[PDB]
Amino acid sequence: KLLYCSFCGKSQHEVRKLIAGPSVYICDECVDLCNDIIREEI
Amino acid sequence: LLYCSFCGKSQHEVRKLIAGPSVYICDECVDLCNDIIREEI
Ligand SMILES: [Zn+2]
Ligand SMILES: [Zn+2]
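Respectively, the protein sequence lines represent chains V and H. So the number in this note's numbering is just where the residue sits in the first sequence, counting from 1, plus 88. So the number in this note's numbering is just where the residue sits in the second sequence, counting from 1, plus 33.
The set of hints was computed from the structure by calculation and includes no laboratory data. A few of these clues could be false.
Pairwise CB distance ranges, derived in the manner of DEER restraints [as the list claims (entries may be wrong)]:
(1) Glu117(V) x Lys49(H): 31 to 39 angstroms
(2) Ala52(H) x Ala108(V): 13 to 21 angstroms
(3) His45(H) x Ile125(V): 36 to 44 angstroms
(4) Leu65(H) x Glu102(V): 17 to 25 angstroms
(5) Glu73(H) x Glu117(V): 32 to 40 angstroms
(6) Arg48(H) x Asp120(V): 17 to 25 angstroms
(7) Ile74(H) x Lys89(V): 28 to 36 angstroms
(8) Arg127(V) x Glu72(H): 27 to 35 angstroms
Under the rule of at most 30 angstroms between Cα atoms (straight-line distance), these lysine-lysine pairs were calculated in the DSS-like manner [to be verified]:
(9) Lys98(V) x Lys42(H)
(10) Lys98(V) x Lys49(H)
(11) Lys49(H) x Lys105(V)
(12) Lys105(V) x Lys89(V)
(13) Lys105(V) x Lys42(H)
For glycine and all other residues, C-beta sits at the position ideal for the given N, C-alpha and C.
Full structure from sequences and hints, please.
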């Protein structure tokens with residue numbers, strides 16, 4: 089039942105949303121991080 | 034080569050590949066994540 093974000097290791101119970109990939113996951117928190125990285129801004 | 038773990042595109046076919054412990058996500062998939070999270074197109 090436990091699913092984990094592949095980037096930070098948090099479970100679905102720890103984040104607001106966990107997005108599925110083939111055999112991976114990424115949570116809303118890491119997405120925020122990806123946006124800063126792509127947009128090169130804080 | 035390194036590939037986005039979500040769409041499968043290589044590091045040669047995308048603008049940026051972000052790395053995790055042993056996973057990657059490209060700029061294109063991140064855009065899809067923003068749509069998913071913001072529930073908007
Ligand atoms: Zn995460
Ligand atoms: Zn991708």
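Structure-based check of each hint:
1. Checking the proposed 31 to 39 angstroms range against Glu117(V) and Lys49(H) shows it is violated: the Cβ atoms sit about 19 angstroms from each other.
2. For the hinted restraint 13 to 21 angstroms between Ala52(H) and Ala108(V), the CB-CB distance of approximately 19 angstroms keeps it satisfied.
3. Take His45(H) and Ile125(V): their Cβ atoms lie about 19 angstroms apart, and the range 36 to 44 angstroms is violated.
4. For the pair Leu65(H) and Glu102(V), the supplied restraint of 17 to 25 angstroms holds, since their beta-carbon distance comes to about 22 angstroms.
5. Separation of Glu73(H) from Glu117(V) is about 19 angstroms and departs from the stated range, judged on CB atoms against 32 to 40 angstroms.
6. Look at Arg48(H) against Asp120(V): about 19 angstroms separates their beta carbons, and that is inside 17 to 25 angstroms.
7. Remark: the range hint 28 to 36 angstroms for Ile74(H) to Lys89(V) is upheld by a beta-carbon distance near 31 angstroms.
8. Taken as a hint, the range 27 to 35 angstroms is violated for the pair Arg127(V) and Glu72(H), whose Cβ atoms sit roughly 20 angstroms apart.
9. The hinted pair formed by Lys98(V) and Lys42(H) meets the criterion: a straight-line CA distance of about 25 angstroms does not exceed 30 angstroms.
10. The hinted pair formed by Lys98(V) and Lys49(H) meets the criterion: a straight-line CA distance of about 24 angstroms does not exceed 30 angstroms.
11. This hinted pair checks out: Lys49(H) and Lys105(V) have alpha carbons roughly 23 angstroms apart, not beyond 30 angstroms.
12. Restraint check: the Cα-Cα separation between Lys105(V) and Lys89(V) comes to about 15 angstroms, which is no more than 30 angstroms; the hinted pair holds.
13. Taking the CA atoms of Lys105(V) and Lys42(H), the gap is near 24 angstroms; set against the 30 angstroms cutoff, the hint holds.
Of the numbered hints given earlier, the model fails hints 1, 3, 5, 8; all others are met.
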